[PDB]
Structures are given as C-alpha cells and as structure tokens.
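Visitor: As a plain string of letters, each chain reads:
There are 2 protein chains.
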Amino acid sequence: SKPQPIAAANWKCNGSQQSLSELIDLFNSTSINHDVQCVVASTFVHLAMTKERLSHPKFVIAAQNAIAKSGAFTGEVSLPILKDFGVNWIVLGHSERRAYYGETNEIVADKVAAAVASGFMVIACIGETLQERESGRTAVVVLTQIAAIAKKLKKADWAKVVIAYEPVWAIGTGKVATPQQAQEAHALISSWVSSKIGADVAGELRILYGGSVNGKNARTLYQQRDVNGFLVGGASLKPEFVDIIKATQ
Amino acid sequence: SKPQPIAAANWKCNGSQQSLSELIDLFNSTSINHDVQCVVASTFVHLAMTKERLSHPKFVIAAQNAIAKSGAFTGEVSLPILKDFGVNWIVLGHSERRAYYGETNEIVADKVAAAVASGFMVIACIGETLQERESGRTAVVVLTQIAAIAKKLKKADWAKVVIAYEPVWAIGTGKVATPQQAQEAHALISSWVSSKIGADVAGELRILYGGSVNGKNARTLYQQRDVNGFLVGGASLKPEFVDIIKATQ
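Taken in sequence, the protein lines are chains A and B.
Counting from 2, one number per residue, gives the positions in the first sequence under full-length UniProt numbering.
Counting from 2, one number per residue, gives the positions in the second sequence under full-length UniProt numbering.
Remember, identical chains collapse to one label, so a pair may be satisfied in a single copy or spanning two.
The list that follows gives simulated cross-link-like pairs (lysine-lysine, DSBU-like), each with its CA atoms no further than 30 Å apart:
1) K247 x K176
2) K70 x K176
3) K155 x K70
4) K3 x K239
5) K84 x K70
6) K52 x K161
No lab work stands behind these hints, which were simulated from the structure alone.
With the hints as extra help, turn the sequences into a complete structure.
Guide: Listed below in structure tokens is the structure:
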C-alpha cells in the first residue's frame with residue numbers, strides 16, 4: 002500500500018500579498034478528508050505572511066531553495082536561517098535552478114544532504130530535458146541524478162527525503178506526462194532506490210510527479226502504482242490546487 | 002559639496018530573528034545628527050521582521066538581490082514582489098553574485114535598469130579583483146562595469162542610482178583600501194560619470210566605498226572627496242555600524 006501522499010504547491014517566483022492571501026484563505030476553507038501532506042513553497046519574501054495566515058492543519062510551509070550555510074553570500078538564504086524561521090520543508094534541485102542557476106547534480110546533492118542534516122523534509126527534484134528524452138537518455142539521466150543525491154546521504158536520511166520527478170518538457174508547457182510515462186519513470190526510480198538503498202526505504206519513499214499537473218489530469222496520474230503525489234507549478238496559484246489535493250486517493 | 006551620504010548595512014546571508022532584532026533595537030536607539038540615508042539590506046526571509054521592527058526614521062529596508070520579473074524562476078525573488086512588499090531599495094551586482102552566481106556586467110546592468118524602471122533606489126556594486134588590481138587593470142575593469150550599467154539607463158535615471166565601489170580584494174579579507182586607494186577609484190568613477198553622463202549627475206551621485214569598512218577606519222575614508230558613504234559587510238552585524246553612520250557627518 003502507498004505511503005502518505007504529498008500535494009505540494011510550488012508558487013515559484015509569483016504572488017502579491019493580496020493574491021497569495023486570497024489563495025491561502027481558499028486553502029484554509031477547504032475540507033480535506035484523507036491523509037495527505039499538503040505543502041506550500043512560497044518565495045522567501047512571503048514566508049512570514051504564509052506562516053502567519055496559513056492555518057489549515059494538513060498544510061506545511063516550504064522554501065524553494067537555500068544554500069547550506071550562512072555567511073558572505075549576498076542575496077542568498079541559508080538552511081540555518083530558514084530553520085530559525087520555523088521553515089521545515091524545502092524544495093531543492095528544481096529544474097529551473099539546474100538550468101538557470103548553475104545547480105549541477107552534485108550541487109543539488111550537497112544541498113539536499115545539508116538540508117536533511119539540519120532536519121528539513123526535502124522535496125528533491127530530478128527529471129530529464131526534452132533533448133534527453135528525445136535522445137533516449139531518460140533512464141540514465143534520472144538514475145544519475147538520484148545516484149548523485151544518494152552518494153551524499155545515509156540510509157537513515159531517506160526518511161526525510163521526497164523525490165519529485167518532473168520531466169522538463171512537461172513543466173509549464175501544457176504537455177503532461179501520460180500516466181504510463183509517469184509510472185515508467187517512477188517505477189524506474191523506485192527500482193533504483195530499492196536496490197541501492199533498501200526495499201524498506203523504497204516502500205516508504207514518496208515519488209511525486211510534476212509538470213503540467215492540473216485538476217483534471219491529477220486523478221488518473223495518482224492511480225498509478227508509484228505516483229505518491231504531485232509537485233504543482235502553475236495550477237498551485239489557483240483554486241484548482243484543491244482539486245489536485247483531492248485527487249491523491 | 003557632497004550629496005546626502007548613505008550608510009548601508011549589507012547583512013549578507015546572516016542573522017537569526019533574535020540576533021537581528023537586537024541589532025535593530027540598537028539602531029532604533031541611535032541618535033543621528035545629520036542627513037544620512039541608513040539602509041539595512043537583510044535576507045529576503047527577514048524583510049518582514051526588519052520592516053516591522055525598524056522604526057528609526059533615517060533607516061530604510063533593502064533587498065540584496067532580485068530578478069527582473071515574476072514567473073517560473075523557482076527560488077528567486079522578483080522586483081515586483083519586492084515592490085509589492087514595500088521594499089524600495091536594493092543592492093545589485095554584489096561581488097559575491099558576480100563571482101558565485103553568474104552575474105556578468107550585462108546581467109547586472111539589466112537588473113539595475115529593471116530595478117530603476119520599477120522605482121527602486123539601487124546600490125549597484127562594481128570593483129576589481131586582486132589579480133586585476135595587481136596587473137594594472139583596475140581602471141578598465143571598473144569603468145567597463147559602470148559603462149555596462151550606463152548603457153541601459155537614461156540620464157534622469159541616475160537619480161535612482163548609487164554606486165558601491167568594493168574592491169573584491171577588500172571584501173572580508175581585512176584588507177581595507179587605504180584612503181588614497183579608495184579616493185583614486187572613486188575619483189575615476191566620478192570623472193567617468195561626469196564625462197559620460199553629466200557633471201551635474203556626477204555631482205549628485207553617491208559613490209560608496211565597501212570592503213572591510215569598520216567603525217575605526219570609516220572616518221578616514223569618509224574624509225576623501227569622492228566617498229559618499231559605505232556598503233558595510235561584517236561590521237554591519239555589529240554595534241560599531243553606529244560608528245560608521247556617525248563617520249558620515
């Protein structure tokens with residue numbers, strides 16, 4: 002049987018105090034009857050307001066990135082800072098950061114390891130690009146990405162880890178992975194974890210799908226054996242996020 | 002005659018709610034006898050707390066970085082998000098971002114132009130490395146950095162620009178520029194602005210020095226003709242920041 006699902010909102014670099022407040026209010030007013038961990042990853046600027054306003058019991062707040070240590074890193078936010086601020090969840094290695102902001106497999110792995118060491122729950126993102134998919138390299142890409150993360154972790158750290166598989170070609174493009182495509186990738190990742198880390202670890206591991214998840218396509222994706230929830234971008238800034246939460250059963 | 006000086010605290014990636022609250026309490030209690038714009042550039046996480054707790058009328062809050070536009074930039078903060086949050090000052094192009102986070106002269110220029118277009122007061126950082134300085138390339142390097150910025154601005158926009166000259170070799174190394182070194186660089190920048198933009202513009206431009214500024218060395222730097230204040234790193238997390246403010250009389 003599947004572990005507890007996660008429905009995670011990646012608001013990315015978006016939102017005003019007014020618009021996010023209206024969203025938070027809708028979330029707060031939503032009854033959710035099944036066990037699902039909901040997560041809202043706001044910009045750093047909005048953490049304070051989100052921490053204050055979001056009261057729904059099934060939701061936790063997350064950051065969208067961090068660096069490992071405090072220090073002379075103008076513009077960046079560190080894990081200790083977030084921890085001191087009461088933020089216990091974090092999205093790391095998002096493909097936008099891998100593409101635009103220099104995050105190699107190793108940089109991601111090191112961030113994930115530091116976050117787990119500090120006690121964070123981490124949604125670690127992996128996934129292939131369009132070119133990688135089209136060139137037939139998906140499997141090696143995703144396995145290499147996760148193996149880099151694993152290299153910096155110990156078996157016990159996996160209880161704090163969540164993997165988000167997001168094919169880059171599905172992010173913001175309207176081109177969602179089919180249920181078959183998502184399952185194929187998730188089953189592959191699960192097989193790797195089971196073999197390298199342990200069957201116990203694989204069984205408890207949540208592998209979330211992301212990339213063009215919406216209220217209409219989520220239910221069918223969630224029916225797949227190795228899909229344990231969703232990392233949602235565009236739809237997470239909308240009321241339909243609640244329909245994605247509802248699809249995780 | 003000098004324009005209004007600026008004393009800017011670049012807290013970098015540092016601070017706990019408690020430690021920064023204590024610092025803010027000290028700043029709030031400080032009596033400042035002259036016109037000076039004090040600026041506290043906190044991490045994004047701490048903007049809410051700093052905005053609320055700072056009361057001293059001579060202090061404004063600033064961000065330490067941003068990207069131009071909101072959108073699918075996981076982990077980043079945009080100018081409109083900051084503007085919506087009431088943050089109207091920003092530090093851009095800091096050495097650490099140029100060195101660690103891919104900010105080329107052009108990326109910095111575009112950020113500065115976007116910030117000015119959004120209505121921000123911008124502290125735009127320029128400065129040469131140790132190898133550039135020792136090879137006699139200070140002038141071409143520094144002037145090329147400001148020229149990139151100027152390309153993207155119109156004359157009137159300079160009212161919203163503050164230049165921070167921070168030799169990279171002086172950042173966190175304890176090697177403060179001597180008064181002669183600082184003045185030579187600042188005079189070069191001022192002369193370039195006078196030539197390229199306008200004498201009036203150069204006269205009203207604030208050029209701040211940064212790099213190992215502390216309460217003891219601040220005044221001897223402020224005495225220089227073309228030093229209009231400071232961008233302070235390490236010492237801005239300490240009580241002696243008050244002495245740096247006082248040194249701008």
